[PDB]
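One chain follows as structure tokens, the form deposited without the ligand.
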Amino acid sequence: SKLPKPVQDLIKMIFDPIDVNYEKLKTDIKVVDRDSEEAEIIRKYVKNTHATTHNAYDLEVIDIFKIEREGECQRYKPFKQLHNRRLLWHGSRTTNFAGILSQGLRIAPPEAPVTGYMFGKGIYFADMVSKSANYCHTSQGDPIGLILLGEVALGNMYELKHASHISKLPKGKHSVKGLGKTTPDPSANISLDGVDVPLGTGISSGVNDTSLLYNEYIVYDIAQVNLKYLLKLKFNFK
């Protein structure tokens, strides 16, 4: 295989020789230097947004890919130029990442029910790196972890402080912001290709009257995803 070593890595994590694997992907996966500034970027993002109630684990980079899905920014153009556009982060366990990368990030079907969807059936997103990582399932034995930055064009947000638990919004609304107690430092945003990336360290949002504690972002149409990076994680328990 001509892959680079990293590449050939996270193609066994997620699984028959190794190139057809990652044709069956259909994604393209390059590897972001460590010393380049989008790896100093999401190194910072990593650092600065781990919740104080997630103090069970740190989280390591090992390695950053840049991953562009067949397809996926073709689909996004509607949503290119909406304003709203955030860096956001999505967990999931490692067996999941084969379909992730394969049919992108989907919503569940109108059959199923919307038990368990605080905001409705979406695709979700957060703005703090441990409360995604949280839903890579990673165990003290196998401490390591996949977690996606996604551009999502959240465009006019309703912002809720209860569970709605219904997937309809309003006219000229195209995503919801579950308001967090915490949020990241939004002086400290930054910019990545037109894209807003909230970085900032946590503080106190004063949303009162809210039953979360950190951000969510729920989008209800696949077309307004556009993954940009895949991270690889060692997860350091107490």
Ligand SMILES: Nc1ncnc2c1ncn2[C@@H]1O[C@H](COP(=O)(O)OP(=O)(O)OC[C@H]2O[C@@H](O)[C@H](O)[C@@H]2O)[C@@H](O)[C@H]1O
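Numbering follows the first chain given and starts at 1. Between two forms, the rigid core is defined as the largest C-alpha subset superposing within 1.5 Å. Compared with the form solved in complex with the ligand:
- Once the cores line up, the CA of residue 109 ends up 2 angstroms or more apart between the two forms.
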Given for the second form:
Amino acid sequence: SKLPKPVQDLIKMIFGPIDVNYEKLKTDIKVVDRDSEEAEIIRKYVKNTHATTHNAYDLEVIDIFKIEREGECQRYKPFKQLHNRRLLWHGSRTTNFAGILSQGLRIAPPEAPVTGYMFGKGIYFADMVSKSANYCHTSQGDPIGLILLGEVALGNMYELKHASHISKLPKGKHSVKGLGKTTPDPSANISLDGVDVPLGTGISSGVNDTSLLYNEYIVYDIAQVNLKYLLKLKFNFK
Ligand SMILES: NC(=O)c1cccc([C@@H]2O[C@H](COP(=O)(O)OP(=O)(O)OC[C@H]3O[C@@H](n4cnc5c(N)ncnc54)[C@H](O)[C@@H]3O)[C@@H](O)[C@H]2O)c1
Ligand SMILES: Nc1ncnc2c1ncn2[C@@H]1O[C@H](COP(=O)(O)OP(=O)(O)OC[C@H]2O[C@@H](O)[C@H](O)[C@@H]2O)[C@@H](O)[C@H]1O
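Other form of same protein, the form solved in complex with the ligand, not the form deposited without the ligand:
Starting with the chain above, the whole complex follows.
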């Protein structure tokens, strides 16, 4: 394999031939350097947004991966122009990343239960690492988890305080944002490339009348997601 050792781990991690399996992902997986601009931001994002609720463990960033799904740059071209784009977390089970890298992040299928969603069927993201990380489903005897950072064309956010069984958006709206109580400090954000990164520490949002602890982000068109990084986390339980 003409690949770094960290990558080959990632290959075996998902599946279960290496280079045959790498093509099946249809994704260019480069390892980001630990002493770089990206890494110093990405690992700071993970440090700051580790929330007070989710103290059952502390995180440790093992390997970062710059990812580039095939054809995803061209599919995202319309939404590239749209304003308000954030780099947001999306945790998932390690089993699923085979399908995700190959087919992208997709909407939950027509059959799946519609009762068990906050803001209808869409694609969920968080500005807190600890909220998304929960959906890696790492256990004591399986404490290594994969988490996505994605460029998400939010656009005009329909900012709600309480779950709503949405189908169609208001006109002009492109995303839905669930307003949470505790938020990454807005005035401590930075811009990596043409993207907002909400890497502030957790503070009160000033939003009184909402049920959500943390913010969440939903998009209903699968072309509004551009995957950027695919971290490898270590859950250090207490
Ligand atoms: N999971 C999060 O990062 C997350 C972020 C913020 C907030 C939340 C909160 O969790 C609630 C549930 O969200 P859940 O992640 O289960 O998403 P849901 O829509 O129910 O389930 C679909 C799953 O299918 C995965 N997938 C997508 N494409 C593919 C593919 N090609 N191959 C294989 N798997 C694929 C996708 O990643 C997700 O795990 C939600 O209501 C919300 O309150 C989660
Ligand atoms: N009225 C609601 N309808 C549907 N889903 C809801 C509702 N209120 C909350 N949820 C969902 O429950 C979760 C709560 O979101 P946050 O307030 O940000 O809290 P979270 O970070 O997810 O941690 C609390 C979560 O873990 C457990 O304690 C508990 O099961 C709870 O869902 C999210 O998945 C959110 O979409």
